[PDB]
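Each chain, written out:
Number of protein chains: 2
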Amino acid sequence: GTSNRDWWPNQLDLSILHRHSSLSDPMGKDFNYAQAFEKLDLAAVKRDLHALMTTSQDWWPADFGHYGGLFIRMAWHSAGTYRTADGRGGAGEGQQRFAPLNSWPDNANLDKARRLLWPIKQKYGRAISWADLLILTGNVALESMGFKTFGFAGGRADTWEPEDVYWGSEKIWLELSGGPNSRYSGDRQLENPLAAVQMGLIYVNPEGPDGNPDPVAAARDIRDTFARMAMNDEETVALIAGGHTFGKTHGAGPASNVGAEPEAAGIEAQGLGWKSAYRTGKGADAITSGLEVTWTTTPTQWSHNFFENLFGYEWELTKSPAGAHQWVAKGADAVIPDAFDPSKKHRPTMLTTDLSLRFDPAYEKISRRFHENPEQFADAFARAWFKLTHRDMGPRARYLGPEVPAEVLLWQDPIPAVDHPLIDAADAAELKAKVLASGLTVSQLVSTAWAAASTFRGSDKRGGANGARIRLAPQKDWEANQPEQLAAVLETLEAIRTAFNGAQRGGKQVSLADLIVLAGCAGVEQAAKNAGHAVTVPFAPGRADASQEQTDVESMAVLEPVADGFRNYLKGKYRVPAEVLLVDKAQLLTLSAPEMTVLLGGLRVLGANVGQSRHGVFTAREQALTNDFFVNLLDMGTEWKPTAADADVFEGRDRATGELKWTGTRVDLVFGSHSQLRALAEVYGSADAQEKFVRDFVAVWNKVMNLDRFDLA
Amino acid sequence: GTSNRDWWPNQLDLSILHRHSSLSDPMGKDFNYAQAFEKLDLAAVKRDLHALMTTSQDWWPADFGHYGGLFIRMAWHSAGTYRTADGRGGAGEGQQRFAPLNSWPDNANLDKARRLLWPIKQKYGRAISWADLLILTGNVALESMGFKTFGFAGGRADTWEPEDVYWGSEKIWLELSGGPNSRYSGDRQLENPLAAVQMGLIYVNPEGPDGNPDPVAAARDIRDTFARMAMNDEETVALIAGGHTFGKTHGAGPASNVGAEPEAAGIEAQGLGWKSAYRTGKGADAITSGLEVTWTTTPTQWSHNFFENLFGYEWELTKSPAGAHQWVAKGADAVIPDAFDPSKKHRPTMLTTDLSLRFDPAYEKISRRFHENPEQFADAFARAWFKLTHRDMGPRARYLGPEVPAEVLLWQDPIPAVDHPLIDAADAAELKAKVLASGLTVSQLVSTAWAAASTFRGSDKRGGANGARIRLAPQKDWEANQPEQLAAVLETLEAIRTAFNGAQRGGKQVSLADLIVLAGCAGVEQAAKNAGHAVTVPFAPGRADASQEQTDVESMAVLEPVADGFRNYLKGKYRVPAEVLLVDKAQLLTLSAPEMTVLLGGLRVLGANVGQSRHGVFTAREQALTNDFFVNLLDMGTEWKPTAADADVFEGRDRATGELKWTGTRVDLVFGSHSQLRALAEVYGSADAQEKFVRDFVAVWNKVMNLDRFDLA
Ligand code: HEM
Ligand code: HEM
Ligand SMILES: [Cl-]
Ligand SMILES: [Cl-]
Ligand code: NA
Ligand code: NA
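If you read the protein sequences in the order shown, they are chains B and A. Sequential numbering from 36 applies to the first sequence in the deposited numbering. Sequential numbering from 36 applies to the second sequence in the deposited numbering.
One thing to keep in mind: the hints can contain errors.
Remember, identical chains collapse to one label, so a pair may be satisfied in a single copy or spanning two.
[Claimed, not checked] As a list, the in silico PhoX-like pairs of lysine-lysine whose alpha-carbon atoms are at most 20 Å apart:
| hint | residue 1 | residue 2 |
| --- | --- | --- |
| 1 | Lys74 | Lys156 |
| 2 | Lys676 | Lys147 |
| 3 | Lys380 | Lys147 |
| 4 | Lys81 | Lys156 |
| 5 | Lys74 | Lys727 |
| 6 | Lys738 | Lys496 |
| 7 | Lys64 | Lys738 |
| 8 | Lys380 | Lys206 |
| 9 | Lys64 | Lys608 |
| 10 | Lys74 | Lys158 |
| 11 | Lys676 | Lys310 |
Hints were generated in silico from the structure; no laboratory data involved.
Start from the sequences, fold in the hints, and give me the full structure.
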């Protein structure tokens with residue numbers, strides 16, 4: 036069945052922007068998961084989960100009679116695909132039940148876990164999402180086994196198809212580094228945006244880097260991948276040691292016994308995979324990773340035994356029954372229970388990556404401190420578990436239910452509570468008037484509010500104009516944001532704000548976050564007036580200003596646009612074509628193809644480009660809101676050619692005279708090239724489309740201004 | 036970027052069902068093209084098109100100063116992708132402007148043609164679709180050159196992305212037959228559903244079969260492909276001779292001078308392709324097919340010169356300047372004009388496929404009669420041209436504007452006008468009650484109305500319950516429709532109809548078409564009552580009954596379901612897995628994945644299966660409308676295995692006892708296997724889903740019942 040991707044493997048793909056359509060979703064368009072969850076009896080759900088922990092099913096018998104370990108692993112996997120580079124992955128969409136993640140090798144036998152949860156899912160229906168239920172089950176596993184969690188928030192709505200995520204270019208599961216599609220180069224540098232060391236792993240290889248069992252070099256991978264999932268050294272030790280306080284690994288026999296992963300299994304397997312020909316294929320004979328390690332003397336109860344063993348023994352390299360590298364305690368007694376036979380006992384064992392916690396110098400200091408102060412280990416693990424499983428939930432305003440922690444955490448990019456009356460319609464008209472009277476230009480106003488709001492990404496719901504972080508480090512210094520021009524606009528808006536607030540009664544005031552956005556609104560209204568159209572742009576007050584102390588500068592760095600097609604900005608040279616980067620950014624901002632088209636064509640004529648570039652400014656009335664970009668781009672009287680100096684810059688010249696009309700980038704011209712985008716441009720470039728263009732522009736502007744406004748949701 | 040299709044190349048693909056989403060469409064959700072077109076000043080458009088025919092642009096100079104021939108070709112290609120086997124292709128969605136068609140080799144330089152229409156598209160905007168404008172332009176070309184067309188209908192709404200159509204398996208453009216992906220086997224049998232002899236051709240190879248210039252054997256390909264586009268011998272001769280009365284072919288120099296097709300061209304090409312390094316690249320130097328043939332002495336005017344030349348000379352084989360095989364009349368004077376140089380003249384030339392019209396014995400009789408009676412040729416061509424360009428438009432109710440022909444054609448599957456008052460709500464309630472009192476069962480009622488309505492296909496908008504053709508040849512004898520049970524139901528409904536109509540005042544009466552649907556509604560209402568729920572299924576009267584004499588039996592054959600997963604029916608054994616055939620049928624019925632899932636799971640428990648098979652009937656309350664299919668399918672207490680007797684049939688047995696519970700096909704079990712479909716089945720299989728299942732089932736039942744009701748559009 037030959038397809039367009041077969042004939043034209045390099046053409047830009049837009050299907051990423053029209054995922055998650057009302058067509059694939061079985062719930063009605065009016066369904067509101069937050070409202071459903073809010074009515075769920077969460078206490079009842081958690082009782083059913085407690086009971087489940089020790090209700091062993093014969094098709095996948097519980098180790099030590101308790102599923103807790105397996106379910107902690109399931110939840111750590113649901114959350115462990117997260118990358119800070121784009122915010123993609125993580126537990127917030129329940130993607131573990133779809134391709135490819137349901138069939139990654141590191142998710143082997145988590146299909147069993149998920150199926151054990153079907154009876155609970157089915158009982159509570161739509162009032163609890165799979166996404167939420169995977170995390171809750173992990174919380175309950177912890178609690179059942181004696182560990183007090185820091186809290187839980189509901190709110191993760193299910194999704195109904197796979198997201199398109201770049202997980203790497205390897206065409207072989209688990210391919211070691213240095214192949215034709217290597218994710219590494221240089222001195223072990225992992226390519227952005229990836230956060231795992233091999234295709235189909237969560238973070239690192241439990242045997243060591245590319246299979247080499249060197250705990251010290253494994254530490255290097257752990258530190259790098261975990262940092263790419265937003266965890267520092269303390270959170271990393273806490274999570275790994277916390278986790279491997281419970282349960283066991285499975286490697287009872289050779290991996291050759293294990294058959295097809297779920298997406299490749301026969302129809303009769305009914306959604307499950309990795310069927311094993313080894314003995315019973317399950318339970319005592321289970322094969323999952325190929326390792327056979329049980330870390331503690333009480334695998335079903337919280338203890339301080341992980342660090343006791345790690346430091347209390349010396350370790351010797353050995354092989355599991357499947358032939359994988361692992362470690363065993365020199366000269367120890369057989370103190371570790373067997374998962375199924377009360378008459379067997381085993382010596383303590385560890386993974387290469389567990390030993391990293393001791394043989395990496397920096398990890399050893401932390402591990403020793405946890406060993407000596409197990410109350411500090413327990414509290415760090417509670418906190419890092421909450422972070423791990425909530426990191427892609429977005430602002431606290433999205434957190435649902437009775438178990439949400441009250442403590443405000445730096446990682447949540449907290450926004451202060453609004454404690455005062457908000458500006459009303461009259462006040463917003465008075466402020467827009469003062470903004471326009473100050474001398475600020477349409478280009479300034481629009482570029483500034485674009486820079487504040489366009490940081491949002493819906494993958495992890497970080498970013499946006501709430502907070503007024505544009506005035507803080509590091510956003511105020513980003514090159515894309517034009518730090519000197521920014522500084523002048525913000526000075527002028529800050530004087531307007533001060534004077535407005537100074538004149539109020541009753542403690543009414545306006546935040547600088549709201550003013551930035553309202554000012555961008557004024558500039559759009561002025562641009563419409565410039566073109567002879569009376570337009571009013573919507574505006575919703577209620578944003579608040581975050582402090583510098585509420586704004587982790589290092590964590591903010593991943594939000595820096597290094598490509599923003601909407602401002603014709605490319606920070607340097609990338610292997611990925613600029614148009615590909617545009618569609619990616621559109622995806623992050625949650626825009627469809629039509630919204631991306633309208634919004635770029637308007638921004639162009641409004642003077643939102645970085646550095647005042649003329650690239651793509653296809654109008655002779657800059658700062659007037661018109662459909663000029665589309666009419667001129669599509670004019671076959673103009674002929675386009677890449678420049679001698681730079682193949683990624685084009686000159687449009689009159690076809691008869693030869694005279695230079697315009698210049699453009701690939702971002703600009705792709706709208707006149709790609710057959711779907713050009714179809715869209717043609718709608719906006721038609722003679723009956725001036726009003727439609729303005730209206731669709733103002734709608735997508737307002738959508739972008741409100742992307743992080745979950746306080747209004 | 037490695038994707039799910041790379042890892043699992045054989046998994047079922049659902050993305051075909053969620054094409055044409057509101058996300059990709061730039062028009063408002065309320066936009067109604069029929070309304071827009073109805074206010075178009077069509078006469079003004081056609082005046083601008085007229086002018087265009089002789090206004091040459093320097094970037095694509097008009098041959099003989101007249102674009103007409105190019106535009107006829109453009110419109111023939113727009114319409115010529117149509118296959119009767121599935122109704123896919125055709126001009127009705129303007130798909131020529133999207134991949135792959137915009138870049139097929141047979142569409143070379145039609146990108147020029149489309150671009151020459153942009154100024155007119157732009158001028159009239161949304162009130163004329165590209166789809167419409169391609170056909171209209173070809174009409175106006177014909178008219179400008181003295182040919183009287185049969186009519187024109189507007190109403191082809193634009194689409195905004197490529198359809199997914201199976202165009203064959205070859206991975207090489209224009210690959211000759213007999214390769215590793217050959218579309219032929221046996222004695223020259225072309226695989227269904229294909230209707231072209233090589234990948235990226237419209238119908239046949241102009242040089243002869245696989246390039247062998249034998250007119251007689253070329254005739255065999257023409258007749259086979261044209262039949263697969265719904266054209267008989269008479270319509271084929273007329274269309275080929277008709278078309279080649281105008282214009283010329285382009286082969287001024289070697290093919291190697293021609294560059295990348297549009298989808299592969301650089302961004303600077305701005306959507307155009309086949310840039311040529313041969314001399315000026317255009318005009319007198321144009322290279323399109325590589326042939327260099329001009330058929331008539333007046334390439335810009337209708338005439339009967341095609342057959343005068345074809346019969347008036349003897350032909351000899353020669354090569355064009357690009358090396359392609361074609362024919363020349365050596366004994367002729369140089370009577371044919373040159374397209375650019377008034378001082379040059381050329382001998383008559385023909386394609387091998389033109390000579391087929393003379394050397395195939397059956398074609399020669401028709402061609403001779405056209406030759407001797409060119410008024411009959413003009414009429415046959417006007418009629419076949421209208422058919423060619425309207426064949427996928429659907430019911431005459433969809434035809435818009437002032438030029439629609441009044442003559443009703445057999446090929447349109449015509450529906451008689453309704454001349455009497457319709458039944459109202461009370462009447463429909465009285466008829467539902469009579470149907471249910473007759474003894475007809477929920478299974479009979481639902482099966483019959485499903486069989487009538489489910490012939491519809493949105494690809495060409497043929498089929499559906501309007502017309503009551505289920506009672507006529509050939510539908511009444513299709514195996515899927517269970518001819519003997521059908522006959523009994525229709526007898527009983529016909530007695531109900533007679534008695535109702537006999538009792539009326541004022542000429543009110545009910546069609547058998549309407550009654551079949553209303554009866555299916557009553558069966559669904561009773562099934563819901565059987566399950567303890569009172570519902571009203573919506574119902575819209577207005578269908579009419581067509582006669583046998585208004586029903587082309589041979590053309591109806593392509594609508595026979597040979598696979599209908601919604602009735603667990605497979606007429607014989609196919610290479611394509613049954614689940615794939617299900618999704619394809621869903622696509623034809625215009626269903627999303629959720630609607631396909633609800634619909635199938637209800638139909639199973641209602642007793643819709645062919646032959647009363649138990650396969651997938653996972654309920655102990657058959658004929659009650661419940662969500663039992665999903666609850667039982669998803670019960671992990673049941674284990675499934677393929678049977679010894681048939682690998683495509685499965686037994687579900689109790690996992691603990693081994694007792695046989697159910698049997699099912701691939702069609703049934705895919706909903707418990709495929710990760711997206713199983714997520715759907717889960718929503719409908721949850722404990723809070725009885726109401727949702729019934730409501731969503733009734734909504735999709737109704738959707739199906741109304742698929743051909745463009746009279747209510
Ligand atoms: C360096 C990071 C990590 C490595 C390389 C790693 C490796 C593994 C492997 C290979 C298994 C065995 C799978 C099997 O054969 O069944 C396992 C099990 C598990 N891991 Fe980790 N792990 C890491 C971090 C984590 C973290 C952050 C957590 C939780 C906070 C976690 C909790 C668990 C649990 C609970 C199990 C046991 C499952 C059961 O009892 O079936 N691990 N780990
Ligand atoms: C056996 C069926 C057919 C074959 C193999 C065929 C083949 C071709 C080829 C090879 C060209 C030259 C393309 C180029 O180099 O520019 C062409 C031109 C054309 N064909 Fe056909 N054709 C077929 C049927 C039709 C039909 C049904 C129509 C319309 C009713 C049509 C109308 C035209 C016209 C108008 C041109 C001239 C283009 C121009 O002047 O620029 N043909 N045909
Ligand atoms: Cl994702
Ligand atoms: Cl199609
Ligand atoms: Na994410
Ligand atoms: Na079609």
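How would you classify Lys64 and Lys608 at a CA-CA limit of 20 Å: within, between, both, or neither?
Close neither inside one copy (42 Å) nor across copies (40 Å); limit 20 Å.
Should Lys380 paired with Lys147 be assigned to within, between, both, or neither, using CA atoms and 20 Å as the limit?
Result: close neither inside a copy nor across copies, 26 Å intra and 79 Å inter.
As a check of your reading, is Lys64 near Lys738 (CA-CA no more than 20 Å) within one copy, between copies, both or neither?
both (18 Å within a copy, 17 Å between copies)
Have a look at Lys738 and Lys496 and pick one of within, between, both or neither, based on CA distance no larger than 20 Å.
This pair counts as within: shortest intra-copy Cα distance 14 Å, inter-copy 37 Å.
From the Cα coordinates, with 20 Å as the cut-off, is the pair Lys676 and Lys310 best called within, between, both, or neither?
Intra 58 Å, inter 14 Å, cutoff 20 Å: inter-copy only.
Evaluate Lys74 and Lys158 at a C-alpha cut-off of 20 Å and name the case that applies: within, between, both or neither.
within (14 Å within a copy, 54 Å between copies)
Within a copy, between copies, both or neither: which one fits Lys74 and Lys156 at a CA-CA cutoff of 20 Å?
within (15 Å within a copy, 53 Å between copies)
Is the C-alpha distance from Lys380 to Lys206 at most 20 Å within one copy, between copies, in both cases, or in neither?
neither (41 Å within a copy, 60 Å between copies)
Measure nothing new, just compare the shortest in-copy and cross-copy C-alpha distances for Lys81 and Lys156 to 20 Å and report within, between, both or neither.
The answer is within: 12 Å in one copy meets 20 Å, while 61 Å across copies does not.
Treating 20 Å as the Cα threshold, decide for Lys676 and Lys147: within, between, both or neither.
This pair counts as between: shortest inter-copy Cα distance 18 Å, intra-copy 57 Å.
Within a copy, between copies, both or neither: where do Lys74 and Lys727 come within 20 Å Cα-Cα?
For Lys74 and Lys727, only the inter-copy Cα distance (18 Å) is at most 20 Å; the intra-copy one is 41 Å.
Figure legend: structure checked against the earlier numbered hints; hints not met, in rising order: 3, 8 and 9.
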